[PDB]
Amino acid sequence: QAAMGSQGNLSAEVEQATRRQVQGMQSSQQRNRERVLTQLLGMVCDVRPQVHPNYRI
Amino acid sequence: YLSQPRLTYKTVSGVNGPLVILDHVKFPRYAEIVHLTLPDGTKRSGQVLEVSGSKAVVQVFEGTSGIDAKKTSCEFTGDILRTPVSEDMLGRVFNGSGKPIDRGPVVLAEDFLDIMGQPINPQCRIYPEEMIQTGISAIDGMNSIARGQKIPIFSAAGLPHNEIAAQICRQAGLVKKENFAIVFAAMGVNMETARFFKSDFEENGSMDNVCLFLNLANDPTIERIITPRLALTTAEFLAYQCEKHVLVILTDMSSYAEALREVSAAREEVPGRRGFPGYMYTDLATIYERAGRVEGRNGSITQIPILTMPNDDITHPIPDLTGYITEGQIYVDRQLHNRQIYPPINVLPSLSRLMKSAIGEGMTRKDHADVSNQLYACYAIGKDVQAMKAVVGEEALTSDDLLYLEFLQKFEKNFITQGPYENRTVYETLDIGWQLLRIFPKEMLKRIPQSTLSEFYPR
Amino acid sequence: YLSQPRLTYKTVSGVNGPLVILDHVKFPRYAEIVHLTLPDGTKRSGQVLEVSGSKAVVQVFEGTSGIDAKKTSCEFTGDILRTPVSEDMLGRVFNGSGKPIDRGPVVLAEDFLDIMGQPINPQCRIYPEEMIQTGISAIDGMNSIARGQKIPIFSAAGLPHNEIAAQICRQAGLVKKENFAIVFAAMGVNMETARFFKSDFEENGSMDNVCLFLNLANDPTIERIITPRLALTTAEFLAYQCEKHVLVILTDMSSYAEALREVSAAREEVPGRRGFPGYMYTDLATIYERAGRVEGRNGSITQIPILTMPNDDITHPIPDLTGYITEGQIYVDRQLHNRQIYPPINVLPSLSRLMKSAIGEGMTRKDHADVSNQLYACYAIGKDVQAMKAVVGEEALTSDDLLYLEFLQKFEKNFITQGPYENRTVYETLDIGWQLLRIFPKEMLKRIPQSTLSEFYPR
Amino acid sequence: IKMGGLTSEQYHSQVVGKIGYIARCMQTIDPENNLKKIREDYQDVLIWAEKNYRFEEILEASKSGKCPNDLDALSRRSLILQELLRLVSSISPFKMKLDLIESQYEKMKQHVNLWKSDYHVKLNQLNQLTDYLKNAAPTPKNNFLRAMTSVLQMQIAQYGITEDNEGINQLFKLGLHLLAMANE
Amino acid sequence: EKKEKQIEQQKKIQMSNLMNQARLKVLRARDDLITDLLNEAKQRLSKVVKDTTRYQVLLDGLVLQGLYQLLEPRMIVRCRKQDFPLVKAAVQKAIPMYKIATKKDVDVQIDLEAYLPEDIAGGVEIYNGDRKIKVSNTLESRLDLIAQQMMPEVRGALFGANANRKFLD
Amino acid sequence: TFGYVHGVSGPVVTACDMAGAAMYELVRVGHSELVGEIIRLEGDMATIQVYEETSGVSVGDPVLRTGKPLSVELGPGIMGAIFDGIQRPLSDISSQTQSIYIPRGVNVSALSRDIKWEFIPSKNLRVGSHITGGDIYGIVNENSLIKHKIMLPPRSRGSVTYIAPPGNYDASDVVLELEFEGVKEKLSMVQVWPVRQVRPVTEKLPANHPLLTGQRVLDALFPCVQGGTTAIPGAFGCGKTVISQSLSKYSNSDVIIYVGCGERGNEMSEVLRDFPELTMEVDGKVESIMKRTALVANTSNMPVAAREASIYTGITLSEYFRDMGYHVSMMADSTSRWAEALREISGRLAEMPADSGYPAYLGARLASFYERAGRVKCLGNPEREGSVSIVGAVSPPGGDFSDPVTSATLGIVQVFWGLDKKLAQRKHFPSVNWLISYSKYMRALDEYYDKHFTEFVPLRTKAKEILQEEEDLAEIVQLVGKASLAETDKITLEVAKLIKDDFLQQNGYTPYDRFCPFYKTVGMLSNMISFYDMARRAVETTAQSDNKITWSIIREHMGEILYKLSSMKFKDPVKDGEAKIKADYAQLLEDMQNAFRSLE
Amino acid sequence: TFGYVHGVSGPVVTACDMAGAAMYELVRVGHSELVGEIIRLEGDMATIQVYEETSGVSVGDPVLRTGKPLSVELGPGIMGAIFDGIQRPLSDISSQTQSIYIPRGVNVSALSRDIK
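Same order as they appear, the protein sequences are chains M, D, F, S, I, C and A.
If you're matching positions, the first sequence starts at 60 in the entry's author numbering and goes up one per residue.
Under the entry's author numbering, the letters of the second sequence match residues 39 to 215, 225 to 506, in that order.
Under the entry's author numbering, the letters of the third sequence match residues 39 to 215, 225 to 506, in that order.
If you're matching positions, the fourth sequence starts at 8 in the entry's author numbering and goes up one per residue.
If you're matching positions, the fifth sequence starts at 58 in the entry's author numbering and goes up one per residue.
If you're matching positions, the sixth sequence starts at 17 in the entry's author numbering and goes up one per residue.
If you're matching positions, the seventh sequence starts at 17 in the entry's author numbering and goes up one per residue.
Heads up, some of the hints might be wrong.
What the hints assert, rightly or not - Okay, derived cross-link-like pairs now, PhoX-like style, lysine-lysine, Cα gap no bigger than 20 Å in a straight line: (1) S:73 / I:82; (2) S:141 / C:301; (3) F:215 / F:493; (4) C:301 / F:493; (5) C:84 / D:81; (6) S:44 / S:141; (7) D:214 / D:81.
As the list claims (entries may be wrong) - Computed Cβ-Cβ distance ranges for the label pairs, DEER-style: (8) C:466 / D:446: 40 to 46 Å; (9) I:201 / M:75: 46 to 52 Å; (10) S:67 / M:75: 30 to 36 Å; (11) F:460 / C:496: 54 to 60 Å; (12) D:79 / C:416: 41 to 47 Å; (13) D:78 / I:217: 41 to 47 Å; (14) D:164 / C:477: 42 to 48 Å; (15) M:75 / S:176: 15 to 21 Å; (16) I:201 / D:315: 51 to 57 Å; (17) I:201 / S:67: 49 to 55 Å; (18) I:222 / D:73: 50 to 56 Å; (19) C:129 / D:252: 43 to 49 Å.
Claimed, not checked - Not everything, but these chain M residues come out facing chain D in the computed CB check (under 8 Å): (20) 97; (21) 98; (22) 115.
It is worth saying that the hints were derived from the structure and are not from the lab.
We put the CB at the ideal spot given by N, CA and C, even for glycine.
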């Protein structure tokens, strides 16, 4: 009976930890998202065409 | 970062076995990765096995079946193969080429490392020193592993070398007289054994520490070639950058050497000894010697190659070269296995050339070396007496020889024999050793110094 | 039929050992036949080993000595090698290529058959169950032949395989409680062997049933590629169409295999073990597997090749692949011959895979299988004890081991040893086997059920 | 990347297959929506059929992750309905009561590994007896089996399969002995 | 004791398996956040494409990048129908710069016959004369080729650097 | 569209104008339309293996270009068929050409299109219902044993637009017709699958159920399992015949598939003759074994390419019935003669060899063959789980254990019943080398044993221990002599002889030991090991004491008991009941206890 | 002068435009300047056994022809030194590059020029 019961508590515990981690991750993302996105799009737009460094003539 | 866009060629000029030959390639790289689309929409990776002028020979990971000229496209990825590494892959299960097969996400890289790595600078490598305990008494007590040693578990086909490897994976850890990590890497492991590994590590709580790479027996042999290198690249990241002691368990290096043979024959090199390539020594060295402690970084990499010795011939190129490069040997033995002893580790031919660094006060305990030597001596004398018994008869034996026979029995039955899920600290293995050595009165333990006998023997 | 004129090319482009490479050939046909007029009128034959565009690589049967570019005229016959066959081929002697050398006329074709032979449907191939009473006890009692079995006589240089084969030929007949035609393909047999076989077939008055295809030692060494195919094609005509029971002898499959090696080396194919072509297994299967019965037809082909094992190594490719393809080998042993035991048949390494279903109640006798198994077991144990006796001397041997040694001695003396002109019926061979088994007490005959012990043992 | 060994395309087609199959199994066992608790437990997968859709619509939703698309969970949930459907069908002349059916369903859902279960073994044995009779000829063996298996179906209707009812155990043992005995 | 150990062993398996699924769940949530970020990036690139003035410069870059990567004598630029005037201008400006930087003569045609799918965000695909070699400089391709390389820096920026990672070589 | 032959060297035909031909595609060479398979490409020239004798092909011969890889037809008709290595039905070729030869380029269809199979749709399917790959949309009454569950092909999908009513249909009739994204697909009862592509499964599962052969040695000391991978040498008097036919007549397998990769002609004519004669009890009726078996005959003289493709055709048929849901069992008569085809083809293609000449990819090929084994959760909607056991005979030269095929096999197969030539020469059958043979499935099966035969595992361990101790002791006995042995050693020897002669020895041709059920096997081993335990108990208890008991006393004291322990093997389940045999073995245990208690 | 890489098959690199190269001369292949030894000449090509891993070398990579065969640099500074067999100074590689690895194609001068 103890085994039948306590595993519910353990499940609640582990899901609680998972929810906390997901919240922390989502918060950090929602904070740094703008500065990552602007950089990423700027890097996409900055083309800088170059010939292969081995080209001859 | 590579900004330039990738070139995709439909110029396949031949398909010869596992190789697709493309021509008019612009400045091919050797070892460049390729993603080639078959006519029917399927996709297969490949590695530029060779280069010449405007030609590139792409070893397609999966077979070349269904490839053709005139419709197969072949994107050149413009860089060598690189593994994404993080701590996140500690606690994951991957197939031979870094694809997750635990239904998790693709790894969010902390870095991209070239899987060939570089050789550790011999003037930066350090001596291994302290012990890594595997829980298996037969190697913790008698063949202990120093942090940075490379010690292979020789075993014949059919012996439980896979089960021993799994036990080491589930039990290993620092002697704790929490920065330990494991990198399991199964090469050429059949599906049932791979499932055994995956489910065992998942079930027995160890998955937090273990990054498990699986190259099933029917996965591409090129993925087999690159699996040990992925394993060791992750091990180098976790050890020399995350500073946590890693234990790399490469499984079935014979099944790795077979893939090496296949790739050589694909290159159309002539065979070396016993059919294996001539350079197998350098290659196996490149795999093994990515190990050991390094000055100025508190991590390390220990290795435990596991070898299926063909025909049980210790002269065969795989075990011979592995003995040349590694620092010991642990024999899984067929007579013990048949007698149904587990772990059938035969401690007479087994050896650990750096055990002398992993033991002693402050690392395992004051009496480790002495108990190991005495157990070995009494075990060998007991085997001698057991050979003699059947010739001279039991009643022709002296009382000392009966003591040795009893010690042989109880050493094979209480110390060597462990059961898969029994984890014994090195301290417990030593106390079992003492419980066996007390079969003898002190005067027979001639290899133990009196300063130790007087301290440990009583009780 | 072929009404079109044959093209004749003076276009030879090469001569290379047995080969003749042409060029500018119009639509070459692989396996086509070619008639080479050499400069001096000598007319040879050859087969197109491979075609490529306009090229053909002829393989000249009568050799290439004297051939030259710019004057040798190769007439391309336009069809694969179709040989004539007629029932009156029985009682003729033909050279290696099927031309007459008995001073009789060429074979006025009753039909034309492709020497390769059209393969037979495994669903309507019958299982051979009628045992041939070869008369040789070392065969009938322990390795019995069944009418349809491919059962080569492995032997070595200097052993009496010719005498054994001649005895089988002149003694073979069904079990009493249908007279064999013979088709004999001599390959690389010296004149003494060819004349022995011929003189024996005349001495036994059998010539009206024998069709010899001689390719002597001094005859050209590519012709013995097709000589066995000619022999088996005539055998198939006699068996599956004329309804006769035919016993095919092939004198030296090793000379055949060495002709194959010659051609393979001349073509510079990738060579297999010991230099023989890799496809030797398939090419020997197309020779051996033309034995056996077939539904509807009343004829049958029994096949008794003969192999000279080089260096007496039964693992050499010729005997090894012949043992894969043929239903078990009779084995002629130098260690017996040097002791002067004729026939030198060693019963340990020889078996007849169709024996088991060709013996028993109503077919030979109730005790046949049990006597065979028990004699084999007793002989094997006797050989082991004989090996031991050299080490431990006759004092250390137990009386049971002495019983076994006596059985071995009297088994070689009575059961194997046999007059060259003596045909022991299967019943006599079994009685002689029991005479030996009764050396042992009934308790030691473990492979004989109690019923067949009690019924037969005490008499 | 492969999921479960199936290319993700096949994986999502299989998900849509399980969804359609659970819809079919419900429509078979309970056309009059009497089995309400089961209906609610399968609402999430049933909704995609209770509301009409195109196969490619459901496949798009699954590939987007909007559907229930964990193929293992779907397989388990489908197997429960499949075994319950076999229970109800293999006793069709003796259809059992709704509350008993729901109890059977609940016990089956609770079972750790339904496929390897004694609950499934008993259904297999009942089917072994029943399927043999769909074409058997008039003879004493077949008449005895028909009678004994009909009373077995009755008893199954009365006591489900969760109960290791002794009458049903006896009927299984004897019916199978009779089935195994040679016709002569 | 053996029965109690059975219950304890089941407890161990269940706790282990539950914790493992929790680990994968958090990691998959992280991957999901990254996927959200990349979808946002794709939409932002579409917004950029809407603005011709910058888009013209972006195409001037992409077309010439394709020409440089191919270095062929005869070439064919494939673009969306919406973009044709802009890609025309891009090719017209790119040809002289190609000549000067590579010294090669070149002939660049625009594939009016078969444009890219209208769903494509933008960019170009440059084929060589016989169409057996293709360089795919569409914006989606570039964004992928950039994000896959950026992930380390993206992980660092979004979810904070790894404190365990003492050394970077 | 179609190319032209350009070179011919045995079974390798280089063909020009094959511009777009796809690797491993099928082509129709020559004017006779021989079947061929592209094995290489160079520019516009393909290179074509040919599955039929090429003698008489000429340059310029049309090479027609079928757009499908080597594929096997799967549908109602397989059960009972005798197939050529590439699916050609030998029986229909015979009945159709009315002559005993296989014409070159014969093109009779794999499955008869004339038979009116009885097809019954799955009742709950309807127009518009969604189905996916592997769904069982109908069932065909192929024969009284196998109900051929017709499955939507893998890689198929969509909404049903027409599902045929119950009736009788040809293998060609459109039986179902379904739509996906606006494209319609019409399905008949026969599908086509490339033999070299693994037939997909939802999930592979551990192989945790025993596959009982007839042999006590194998069922006990080296268990095989549903979906297990096994290797055996091709022995004589045993091996190929005894085990195959015993598994056929009775085992846990619902379908048996055989593949004679390189079988000798007359041995193949033996198999094709015995199998249609064998019968089995099912529901109290004797039914043929060809109602649940299929044979892929490939005699040694048939082309090398076909000798290679035989294994794949067999394994694909086995996987088809696995997907249906059966516990299929496959016997491959010679993977060694298969490795010969691989070697020869590699040589002809001019590839670099490896150890002993075999192509370096032999390991990968053998893996791709074996690893299709196992217990699987089949695709498709109606939940089910079949399996495909695989048992591949090996035949290294002269019994060599380093032979590359044997080595690569040992690296893949979970079970290996190696061969002891000493026993073979003694005529001790089975000839299993119980010292180097192994089975890695014991870990799995211990659960099944702890649920069904709870006492079997310690018996197995003690039997292995006894065999090994006797092996050890014989080395001394032969070097010195038996005088020095103690009572424990004597009992170990004299019980190991009992085990080796009366438990691990089985006459497969007798009515009683043609097949040894597991209750009989565990009863036998239980009695023998109980005898060992109680003899050792007596001697151990009375050692170091004056009233000493010895084997010399026990043997004479209860000679009857030893006789009955030896005679246990003769009990016959076919007439003696399971109850009778269990009671007899328990009575022998009782007699043993009484005899030992009296000796004490 | 410079040659150019014309092929790469494992360690065996094949370089064009090496007309004057001396047999068993050393060359620095690729942009990372991996060491290689000319084991063959043919025409104006050369076969170069590259000592270090070739992964990443590409056609067209410059091949800088060292003027001397495998040679040791002899002078002050040898004493107390640690050298790889090729005369690479490890006790300077580790110090200068602050890394535990031998950089692929490292080019540290064997004897320090800096120390007086």
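### Task
Run the structure past the numbered hints and jot down the numbers of the failing ones, going up.
3, 4, 6, 7, 9, 11, 15, 16, 17, 18, 19, 20, 21, 22
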